[PDB]
Amino acid sequence: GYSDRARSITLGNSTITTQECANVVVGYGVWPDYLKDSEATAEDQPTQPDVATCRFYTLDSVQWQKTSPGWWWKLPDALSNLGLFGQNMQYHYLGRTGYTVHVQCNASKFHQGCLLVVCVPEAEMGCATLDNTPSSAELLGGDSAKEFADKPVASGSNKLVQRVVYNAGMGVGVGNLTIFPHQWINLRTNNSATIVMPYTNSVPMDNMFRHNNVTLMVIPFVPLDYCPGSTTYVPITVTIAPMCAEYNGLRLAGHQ
Amino acid sequence: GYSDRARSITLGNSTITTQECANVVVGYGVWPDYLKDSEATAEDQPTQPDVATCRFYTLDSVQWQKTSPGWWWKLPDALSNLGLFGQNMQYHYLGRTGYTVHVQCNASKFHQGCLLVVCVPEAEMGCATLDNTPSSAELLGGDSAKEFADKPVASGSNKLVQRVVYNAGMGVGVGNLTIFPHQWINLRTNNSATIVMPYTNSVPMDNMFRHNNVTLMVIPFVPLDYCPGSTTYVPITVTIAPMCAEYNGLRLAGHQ
Amino acid sequence: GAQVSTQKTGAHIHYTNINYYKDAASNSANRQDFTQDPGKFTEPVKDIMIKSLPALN
Amino acid sequence: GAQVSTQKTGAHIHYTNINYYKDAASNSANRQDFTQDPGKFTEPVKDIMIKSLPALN
Amino acid sequence: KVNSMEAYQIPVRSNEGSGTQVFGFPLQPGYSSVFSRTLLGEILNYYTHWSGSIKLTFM
Amino acid sequence: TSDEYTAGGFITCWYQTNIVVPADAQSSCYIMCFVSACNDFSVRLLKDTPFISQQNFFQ
Amino acid sequence: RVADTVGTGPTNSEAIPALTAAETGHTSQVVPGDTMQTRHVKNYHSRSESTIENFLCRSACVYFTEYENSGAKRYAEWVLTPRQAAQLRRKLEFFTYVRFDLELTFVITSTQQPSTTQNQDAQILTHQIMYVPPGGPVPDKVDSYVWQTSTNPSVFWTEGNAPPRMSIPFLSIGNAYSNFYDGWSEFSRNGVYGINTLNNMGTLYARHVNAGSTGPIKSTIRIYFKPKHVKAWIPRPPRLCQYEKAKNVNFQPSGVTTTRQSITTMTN
Amino acid sequence: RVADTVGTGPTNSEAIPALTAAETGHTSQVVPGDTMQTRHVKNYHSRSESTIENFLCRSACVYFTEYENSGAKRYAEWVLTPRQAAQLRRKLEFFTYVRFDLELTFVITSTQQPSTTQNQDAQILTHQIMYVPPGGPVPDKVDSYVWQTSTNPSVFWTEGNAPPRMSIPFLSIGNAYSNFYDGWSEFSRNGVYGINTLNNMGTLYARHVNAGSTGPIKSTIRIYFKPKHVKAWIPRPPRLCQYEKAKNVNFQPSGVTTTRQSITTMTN
Ligand SMILES: CCCCCCCCCCCCCCCC(=O)O
Ligand SMILES: CCCCCCCCCCCCCCCC(=O)O
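Protein chains in written order, with the authors' numbering: chain A, 8 to 263; chain B, 8 to 263; chain C, 2 to 13, 25 to 69; chain D, 2 to 13, 25 to 69; chain E, 61 to 119; chain F, 180 to 238; chain G, 13 to 280; chain H, 13 to 280.
Read the hints as simulated data drawn from the structure, not as lab findings.
Here a beta-carbon is modelled for each residue, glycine too, at the ideal position from N, C-alpha and C.
Among the clues, some could well be false.
[As the list claims (entries may be wrong)] A few chain A residues that face chain F, going by a derived Cβ cut-off under 8 Å, partial list only:
(1) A114
(2) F117
(3) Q119
(4) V210
(5) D213
(6) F228
(7) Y240
[Unchecked claim] DSS-like, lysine-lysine: derived pairs with alpha carbons at most 27 Å apart:
(8) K43/A <-> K158/A
(9) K115/E <-> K158/A
(10) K257/G <-> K166/A
(11) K58/C <-> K61/E
(12) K243/G <-> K52/C
(13) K103/H <-> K257/H
(14) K243/G <-> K43/A
(15) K230/G <-> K153/G
(16) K52/D <-> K243/H
(17) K116/B <-> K116/A
(18) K243/H <-> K9/C
(19) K153/A <-> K166/A
(20) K116/A <-> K73/A
[To be verified] Far from chain F, some chain B residues (derived; all Cβ distances over 10 Å):
(21) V37
(22) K116
(23) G133
(24) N139
(25) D150
(26) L184
(27) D213
(28) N214
(29) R217
(30) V229
(31) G236
(32) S237
Work the whole structure out from these sequences, hints included.
Structural data, given as structure tokens:
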């Protein structure tokens, strides 16, 4: 027989194995597919890299401490510099893709904590100064994760993001973030969390540099705790796999 | 699929859930039902309160210590002052009911101990002075549990119960108490114990104040133990549900 | 080309409607469209979860 | 879907009506509902009382 | 506690006693501060009357 | 809104036995609560929400 | 019509409808007859007021502005944008993308201004409202040629009768109106950030066709939107915080909710 | 159509239609042809004006109130309650429970106030009426944001044409509107006693959208109810006494009826 905890995911030349996992969350009930002819707009023929772009890319790890507000990642920007996915999105004008996000955190039976993993579509964030809009270096940090704050960010004459956590940067209530596709990592039960988000947008394709379709938020609703003698360094790893990625409008390399 | 450890019991507006339990013990093979016409004696029409009387009543908790001889409860008296079950048994002359007893004790994987749970029908108890019979305040304590002793009770000119434990108050060998419907709570395996006792008696109905049909005995054959650093307060909870309770002979309120 | 439909009445009569303009953007609001499907949000998992079954087995 | 009914005329002609709104709470009042049943109040007894009979026998 | 993530936590520890209370609030899904800001509460405020059963899941 | 004629009731939680832990483990834990509605839930009389407000037109 | 409760009885089984696992991101579909005994109830309630068309199809004031029959402010202009009024903005932002027709209604009302001019005997005032799509010429003054409306839609209204009202179709170069946009206008990832990037809706102008009187008069125009034939996607959480500007999602951090006295208190 | 008299003749029998017993709480169903000789009459009279729908479906003024275009009283508020006017209240209280739709009609009329301001030349006045269901925000001032009516029903009316009129459905959390309530709000049997306990109907506000003139103007609004599709249960006796307040059934003891001179006098 088989169990519901064990689950393997194969994509490209990458295989992810887990022995203690909750059920997979598939978007809004939709599985990522390709753009059809009765829904296309651009007339030329697109290129599908398939195995070279639809595989598991692992990012840097972050440390879960006893006082961590949380982290977020702008999904399209995060992989803009990894393998042939970044190159194809750098040489083309329009792109289209869904995602498979796997978040992993392992600890013992004597550790406790709870992390919320949510894929937020069109997470437009606010600035600490009501006068202006935040910088691109503040909003999206590639090759790294962006950290929330526990206290409100001060105002003034800058372009900082309002990274207060209980407001989620979006100026909402954080406990309602369970309206979007989500999954909880409970250290006494869960081990990892999988989310299979399809392409959400209001146009059939989009430029992948000046627009971020979704965002991965990881927040520890219940803090991490343990007793003296157990491991103190607990990391969190994120692996993203593009799905059904296609590109249209070949041009010179660059983003200007 | 499902497991044998998990089990839910619904009665009235009460639901009991358990995730680590042994098989349910059903009396002497009999499920509690109602009195039939070919077996009745009282001519008038009885009243069946159903949901108002057949539900789970929880009693006070007792603490399991490293030197606890054991506890007992006279089942009919224990609930004589709870909800509408007590009121119906206070305004009527004859009554008839079976029971569903759930005993709960939870501890960790680093605790040890073993408790015997036995529903003893007609547990007539003896007095410490051979000359007289024990008091009603000594035998039945409502709204509380009655404790056994580790040493024999002294004699004299009183009306105390012989609460020595290895004699079970009934002047027998305690290890033979497994002739009655019973269940063991082993801290390394069990979590709770369910017993579904039917109506046992030699008459079709009985007055519920001057006669106690059954008695719940909880004895820790193997003592409780742990190592310094773990929880030291370990309680034991008892929940009793009347089943197929009927009443006959409406009169003025009182018990004289 | 009149359209006869049913009125919103209590539980436990019809009305008539005609379109006067050739732009469909001028018609009345679509008030009676009582169709709901909460399955996209309440239960978006890959594997079916029977209610009376251990979620983790 | 016009409804043709009879007018209130003397003793010893029809009218037409159309419903324009989809809420039944907008229709005209129900003027012609001449149904009476005084038996709930005038004679509410358990046993029938024949008129030409001694009420107490 | 409303200005942190501690508002969402219900603390439960080992107690040297039994039968004490953990929490309590009234069944007012749109008026009480416990419920007026949740998705259910937010949607309820735009209306005057409500009806039906409620689910409370505890993790 | 708050109305005595339509009072709802009270929701409480109590300790049944105790939280029991071994050595080298935390005796303080947390619970979390989630609220939702069942299939029979319904709402009526659309009105304005008393939460949002403004002093002048935004720009 | 809402579901009807099924009557149940007492159970003693290994089924566990109450016990679940919320880490799977799945809402438990438990009915009350799973944790207690119930009776059969025939439910007749309808979910006919929770529909998005019923929730959103109501007229709302999104703006109002003033102009005069003399002096400096002789006409009024307003780049069309609903994010100035809090109520309709907060209703729409429940979803990420919407798609609807529009029903416009205008409430134009005049007032006589204080002054020392005598022998005032006013004639009826007529107003003109003109819509300029993005790209067309603009009325630099009040008596300019642009008011000829050869192609631009416009409405002439004489004070004293039914308010003017028109129907606008779903005008968007995309497949849906985006309530939120997480990106910039330029490929250089700098410049305008947010939904102001997709706000290319045109401009509305208003004036008096005649002056009416020899004394001063100020006319205020109130604009009312009413979505029709609504479609919506991807529901979001409600705002909670108070709005600050019309072009961005900026806010001031606010507490999750309002407080009470203890975790056991049954009072606000 | 009323019953038709049957012609009878002379009788000599042991039947006793006249003799009855009124202690049984039963009304005698005796026709005139039981105590005398009659002729056959073909009756054609109809009971078409005694129907509850015909007896109750007529518009009645239930309240009127004033507001001004300047000064302190700039808007008007009124918790909806029909028990302020005596006529409709006494008609409804014939029954214990009723259930009807409503037809609202508003008669708004302005008057110029005495003052010493000169050069007054008024523009047409527009009025707004707004309904707030119990729970929503209230207009603390005249130019507050609540008047945007994003969800709240409201009516804009320009002076000079047909009076505004709307239809309201049976709004009640119960199965019928209770004209009388014998009980309290609290389970402690203290607090509010009587029908004020079930009066959770909302509030109606009214204002001028524009000021119109430079001189003072007072506008009065009169509200008219008209029940439709009426159902009624458990008829009660008529009030007899004079009403005192709108929230309770308090009265001053009054004689059974008016008097005459003797038990044999045929004059009032
Ligand atoms: C004579 C006056 C004609 C007026 C024509 C107005 C046409 C433009 C309508 C603008 C609608 C804007 C809808 C925005 C929706 C959204 O993005 O949330
Ligand atoms: C724009 C104005 C809309 C006005 C809407 C008014 C809705 C409320 C109507 C109240 C009806 C009260 C009936 C009371 C009947 C009774 O108890 O006797």
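Consistency of the hints with the structure:
1. Contact between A114/A and chain F, as hinted, is not supported at the beta carbon level, the nearest pair being about 13 Å apart and thus beyond 8 Å.
2. Interface restraint check: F117/A against chain F, minimum CB-CB distance 5 Å, threshold 8 Å, status holds.
3. Hint status for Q119/A relative to chain F: holds, with the closest Cβ pair at about 6 Å, below 8 Å.
4. With a least beta-carbon distance of about 27 Å to chain F, the hint placing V210/A at the interface is violated under the 8 Å criterion.
5. Hint status for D213/A relative to chain F: violated, with the closest Cβ pair at about 28 Å, above 8 Å.
6. Because the closest C-beta pair between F228/A and chain F is about 7 Å apart, less than 8 Å, the hint holds.
7. Hint status for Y240/A: violated, given a least beta-carbon distance of 18 Å to chain F, over 8 Å.
8. A hinted pair counts as satisfied when its Cα atoms are at most 27 Å apart, and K43/A with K158/A does not qualify at roughly 47 Å.
9. For the suggested pair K115/E and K158/A, the alpha carbons sit about 33 Å apart, so the restraint of at most 27 Å is broken.
10. Distance check on the hinted pair: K257/G and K166/A sit about 16 Å apart at the alpha-carbon level, within 27 Å; holds.
11. Straight-line distance between C-alpha atoms of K58/C and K61/E comes to about 37 Å, which puts the hinted pair past the 27 Å bound.
12. For the suggested pair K243/G and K52/C, the alpha carbons sit about 16 Å apart, so the restraint of at most 27 Å is met.
13. Taken as a hint, the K103/H and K257/H pair is honoured in the structure, with Cα atoms around 17 Å apart against an allowance of 27 Å.
14. With a CA separation close to 22 Å, the supplied pair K243/G and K43/A stays within the 27 Å bound.
15. For a cut-off of 27 Å, the pair hint linking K230/G to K153/G stands: about 17 Å separates their Cα positions.
16. For the hint linking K52/D to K243/H, the alpha-carbon distance of about 16 Å falls within 27 Å, and the restraint holds.
17. For the proposed pair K116/B and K116/A, the alpha carbon gap of about 12 Å is at most 27 Å, so the pair holds.
18. A hinted pair counts as satisfied when its Cα atoms are at most 27 Å apart, and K243/H with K9/C qualifies at roughly 19 Å.
19. This hinted pair checks out: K153/A and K166/A have alpha carbons roughly 15 Å apart, not beyond 27 Å.
20. This hinted pair checks out: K116/A and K73/A have alpha carbons roughly 17 Å apart, not beyond 27 Å.
21. Distance to chain F confirms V37/B as a non-interface residue, since its nearest Cβ pair spans about 30 Å, more than 10 Å.
22. Listed as outside the interface, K116/B is inconsistent with that label: its C-beta sits roughly 7 Å from the nearest C-beta of chain F, within the 10 Å cut-off.
23. No beta-carbon of chain F comes within 10 Å of the beta-carbon of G133/B; the shortest separation is about 33 Å.
24. Remark: the non-interface label on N139/B is consistent with the geometry, its nearest Cβ contact in chain F lying 39 Å away (cut-off 10 Å).
25. Residue placement check: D150/B keeps its beta carbon more than 10 Å from all beta carbons of chain F (closest about 17 Å).
26. At the 10 Å boundary, the C-beta of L184/B stays outside the reach of chain F, the nearest C-beta of that chain being 24 Å off.
27. With 10 Å as the threshold on Cβ separation, the claim that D213/B sits away from chain F holds: the shortest Cβ distance comes to roughly 32 Å.
28. Distance to chain F confirms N214/B as a non-interface residue, since its nearest Cβ pair spans about 33 Å, more than 10 Å.
29. For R217/B, the shortest C-beta to C-beta distance to chain F comes to about 33 Å, beyond the 10 Å cut-off, and the non-interface label holds.
30. Separation of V229/B from chain F is adequate, the least Cβ-Cβ distance of about 17 Å exceeding the 10 Å criterion.
31. Listed as a non-interface residue, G236/B fails to keep its Cβ farther than 10 Å from every Cβ of chain F; the least gap is roughly 3 Å.
32. The Cβ of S237/B does not lie farther than 10 Å from every Cβ of chain F; its closest approach is about 5 Å, which violates its non-interface assignment.
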